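The chain below stands alone and is given in structure tokens; this is the form deposited without this ligand.
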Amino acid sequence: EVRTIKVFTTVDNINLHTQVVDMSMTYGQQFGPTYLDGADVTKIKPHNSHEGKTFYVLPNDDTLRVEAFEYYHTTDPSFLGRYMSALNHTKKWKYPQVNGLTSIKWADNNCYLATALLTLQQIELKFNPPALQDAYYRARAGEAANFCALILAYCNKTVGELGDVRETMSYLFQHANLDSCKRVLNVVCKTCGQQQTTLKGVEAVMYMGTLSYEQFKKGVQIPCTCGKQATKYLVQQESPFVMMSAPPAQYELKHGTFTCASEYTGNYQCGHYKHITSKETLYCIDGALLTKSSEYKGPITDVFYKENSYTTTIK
């Protein structure tokens, strides 16, 4: 016998293609790799209840490969599989509204995603792939499963693998409109002289050395090839924000002096991230848990500061 039902196949969940499927054959035998809300149904055969639902298929024709690229801004043929793999787990996460922000309830080493999400809700970042733009707007409302699964997909991470926030944000900043972001630094050695350097894009809003945006304006000590301590200071900053990073060290966060910060407790590649945010007072957002305080000491590895345009007054 041959009975059939009507389903929708997609790569983006915007352009739905209308397929008639043989129920006496599998989804894998008809389309190839097929996913329903993340779940791999390749070896599964069609069911009565499946009639009228949307299924993600691999872009295995010239039409779907163009729709895929235009949406995800990647031609990596493993991408959709790794997104669907991740999504299948992240749809079972709880996304509670903590301090009027979308956070994640701890599960499968997602502490770094939770702080990365809370950060992205607080800084002005414009994503280029329509996939992230769409997923993020849902994430703000509290439907963050599609966003988290994309972050894991874009960053080449499996569910349960702890990730570096600075490494994660770097990846996402590649897929962000940071075009007109500009940074001018002046390095001054007492023997060698002066050196100015201009940085455009992701390079302009990321520094690895110090957490203090004040110290980066005042000046920081760096080893010149002279074998003498040279001073590097910020001449000019043109960006919606700056991300100051350093390896985890005991640091004092003062109310008003920053936007948000990533606290890391534990040892390399096996610790625990928490989100510290500055509002009417300091709040520590620990996944679904929330503590507030006036003062804060702790092992901070990232601070994010808002910006528009800065020009130095050092001579």
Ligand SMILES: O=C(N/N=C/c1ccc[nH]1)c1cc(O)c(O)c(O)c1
Second form
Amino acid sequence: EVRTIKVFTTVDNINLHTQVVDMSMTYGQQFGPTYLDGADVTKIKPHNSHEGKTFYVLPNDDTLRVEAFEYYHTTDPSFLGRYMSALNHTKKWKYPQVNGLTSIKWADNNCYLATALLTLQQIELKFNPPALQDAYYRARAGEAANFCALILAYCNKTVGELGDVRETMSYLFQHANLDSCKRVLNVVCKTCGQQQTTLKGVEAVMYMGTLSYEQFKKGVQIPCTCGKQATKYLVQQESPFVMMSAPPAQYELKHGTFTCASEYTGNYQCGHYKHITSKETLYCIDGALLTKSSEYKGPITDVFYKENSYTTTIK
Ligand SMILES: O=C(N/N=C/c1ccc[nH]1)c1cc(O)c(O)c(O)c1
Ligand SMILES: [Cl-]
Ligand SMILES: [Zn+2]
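Next, report the structure of the form solved in complex with this ligand; the form deposited without this ligand has already been given.
Next comes the full complex, this chain leading.
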């Protein structure tokens, strides 16, 4: 007896492609690598309950290649497999609402993702790939599994791998529309004079070296090619936020002077992030956990600030 069922294949879970599969052969023998809501069914034969269901496959014809690129803005051949592998885990995570924001219950070293997700919900940012647009909308509503799996895939991190928040934000920002963002800096050395530089896009909203936006405006000390220490300060800023990052160090966060921040306790190869948000008071969100305080001091590694347009007064 020959037995078949109808299923649909997809790369973006929107555009469906009708298929007829032989129930005596595995999905892999018929489609190549195949996934059912994240689960790898490549070595599995069709079941009756599969009729009418949607399966992800790899982009193995030109139609799927175009659909995949338009949705994800990547042509990495291993992307869909990494996204599905992550999703099979992230769909089992829990996403509690904590102080009005979608968080993530701790699992699989996902603290860096929780902090990143909580941060995104407090800054003005639009994603460019439809995959991220669609999944971020769902994440804001509380169903963040597909968004978290996409972050992992885009960042080339597997579930359980230790992650860095600054690096993760850099990747997400690279897939965001920051074309309107502009930064002008000036650098003064007593021996070499001045040099002004203009930064755009991701480099216009991120800085590595100090956590304090105010000190960035007053001036920070850096090396120069001659051997002297030069001073760098912010001349002009056009962006809806800025992100200031530094190696973790004890730092005091004062209510009302920042938007949110990331706290890291541990060492290079192992640690834990928490999220601090400045609202009516200071709330510390640690996955599902919530505490509050009027003051905060801790090992801070990233601080986010509101912005619109800033121009210096330094002459
Ligand atoms: O993140 C930064 N660049 N990102 C690059 C990238 C490519 C793909 C993913 N990320 C970055 C670079 C700098 O030179 C900074 O001075 C800085 O603050 C940030
Ligand atoms: Cl978006
Ligand atoms: Zn110099």
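Here the rigid core means the biggest group of C-alpha atoms that line up within 1.5 Å when the two forms are laid on top of each other. Numbering follows the first chain given and starts at 1.
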Flagged residue of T225, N177, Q133, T198 - C-alpha shift reaching 2 Å or more between these two forms, core superposed: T225
Core superposition result - C-alpha of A114, shift between these two forms, Å: 0.3
After superposing on the core, C-alpha shift for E51 between these two forms in angstrom: 1.0
C-alpha positional change at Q269 between these two forms - rigid core reference, Å: 2.8
